[PDB]
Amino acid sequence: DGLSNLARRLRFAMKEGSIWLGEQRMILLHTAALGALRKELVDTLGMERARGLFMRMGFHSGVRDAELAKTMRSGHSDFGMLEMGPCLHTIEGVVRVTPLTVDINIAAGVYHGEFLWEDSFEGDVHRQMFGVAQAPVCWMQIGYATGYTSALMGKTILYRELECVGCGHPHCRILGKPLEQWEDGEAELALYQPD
């Protein structure tokens, strides 16, 4: 699960003013600052584009952390490498993740995962800027799960929220599965690109 094996990779070089998570440079960013950005994007670009922007930012984060996890192979169970994703997301202060059910085989291209999200920073941030939302709103967090799992699997795995604190639900709950297996699948993939 890499409950800490990952933790070695997290270094604060404060005498150099830098933070590293693996080979990736990190900053500590106030959720309030991200909130202000979110409100301006929604106001300028409307809700739909803001969502795509945040999803793509999360996707880039997720892909980077998958690259980290894959360097530390050490013959880790398809299951153990997957769980490094939830750990890194938690270590990054984004959300507290509890795997509910996870069916995975990387060589076969098989993945179905369902997860519990507690204390989602994004849903809470969205509520602060917007009040409770009418649809799930953890765009960047969903982007991350998609990016990490897709890079891990070497194939497109898309996630969606089934419930969300941003909607006034008590937690978030997510489901990921291959692109092929979403009815409205590349309706979703459209919000995972640039331009």
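Only residues modelled in both forms are compared. Positions refer to the first chain, counted from 1. The term rigid core refers to the most C-alpha atoms you can superpose between the two forms while keeping them within 1.5 Å. What changes on going to the form deposited with P-nitrophenol bound:
- Once both forms are overlaid on their core, the sole residue range between these two forms with Cα shifts reaching 2 Å in three or more consecutive positions is 1-3.
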The other form holds:
There are 2 protein chains.
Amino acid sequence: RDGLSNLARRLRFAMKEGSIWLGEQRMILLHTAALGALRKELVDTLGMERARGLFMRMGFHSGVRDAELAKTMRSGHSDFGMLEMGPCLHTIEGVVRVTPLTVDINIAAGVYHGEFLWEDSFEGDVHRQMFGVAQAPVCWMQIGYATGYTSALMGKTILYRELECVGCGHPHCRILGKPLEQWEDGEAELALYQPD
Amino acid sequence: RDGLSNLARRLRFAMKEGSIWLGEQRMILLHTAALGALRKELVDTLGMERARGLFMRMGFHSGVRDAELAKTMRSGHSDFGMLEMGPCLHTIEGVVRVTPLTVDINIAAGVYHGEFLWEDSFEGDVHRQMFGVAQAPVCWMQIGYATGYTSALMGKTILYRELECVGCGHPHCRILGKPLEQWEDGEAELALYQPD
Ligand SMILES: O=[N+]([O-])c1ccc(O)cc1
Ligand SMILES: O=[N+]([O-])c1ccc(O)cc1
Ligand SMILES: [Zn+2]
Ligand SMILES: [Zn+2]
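I've shown you the form deposited without P-nitrophenol. Could you give me the structure of the form deposited with P-nitrophenol bound?
Every chain and every other molecule in the complex is listed next, the one we just looked at coming first.
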């Protein structure tokens, strides 16, 4: 659409340089099976908790870099048209089919309240094939990205949580995003986003 | 070499289902910076040697899957034909631009001795900006890839090693693949491909 066809110009493949660039960031195409295998080794080795952390932060970094890109395409787009580049880029990257349910966003006022549908989550899919169906949501990297993108664009922390997840048997994933303090457990969600 | 054009049609973007396909494998587009940041956490917390193995093994799984795909369209393709598909896929993905130097392969006879030139190793050019110049070769995931690809192709253990590598500060990377039996340290090398 207008959010994908436009962000498509920022993507160029250079088989002449063996490289891929999305905006100003170099990219690779990576086999989901390969990342699933890495997940199983990290989970089995560092535990499920330490592992989710590592994936959430990898997602965060990715979401931030795409927010930088989006911000160079500010133009005459609204806050919402700004926001929607995130879901757009997430789709182009082959991670999930993002479907915005309802978004309330003002950047200047520090107001954001967002809810999205996720169809065909790579991360849920991969997780059931490696661990089987899961107790709690598994799209760690995908959530980190949401968190990373939206914080960067708002210049303030916006944590997301998966409300429903394909990893837990549900038909899809579903997520809610809102400012850190608007979260009861928001202090400790933020803790997941720190290395040391 | 010229199989780039052919292999490149196997790669489709399926935005409707938010998914990218290489043959029958689902792929994602991932920022090298984010991958760079996971490598750094892993090196800093698990040890440089222990992270090397994790990425080698992720590479290995990637390679085995491009070999699995290249084994579906071997219509009128010499053994060198099928071998050259690895470098192309690797290049196409955006991991590295690969120059075959001297390839000697006969699958039926167990014959394989390959040397390759690597320019623009994302990995070496990522370990460059996180740990500065390294001392030992640092394109772990990339080498794992060759190893997994050719071993799947030959039906036997082909290990690769880097002779030169940008992450050590040389102009370029250069690799040598050959059967396990023709490596001085081959058995300790095959050991890295096993998970702890
Ligand atoms: O920034 N956002 O609001 C997003 C970005 C990606 C996504 O999958 C969902 C929401
Ligand atoms: O199949 N192979 O021998 C390969 C594959 C990839 C690469 O970068 C070099 C060699
Ligand atoms: Zn999910
Ligand atoms: Zn190298």
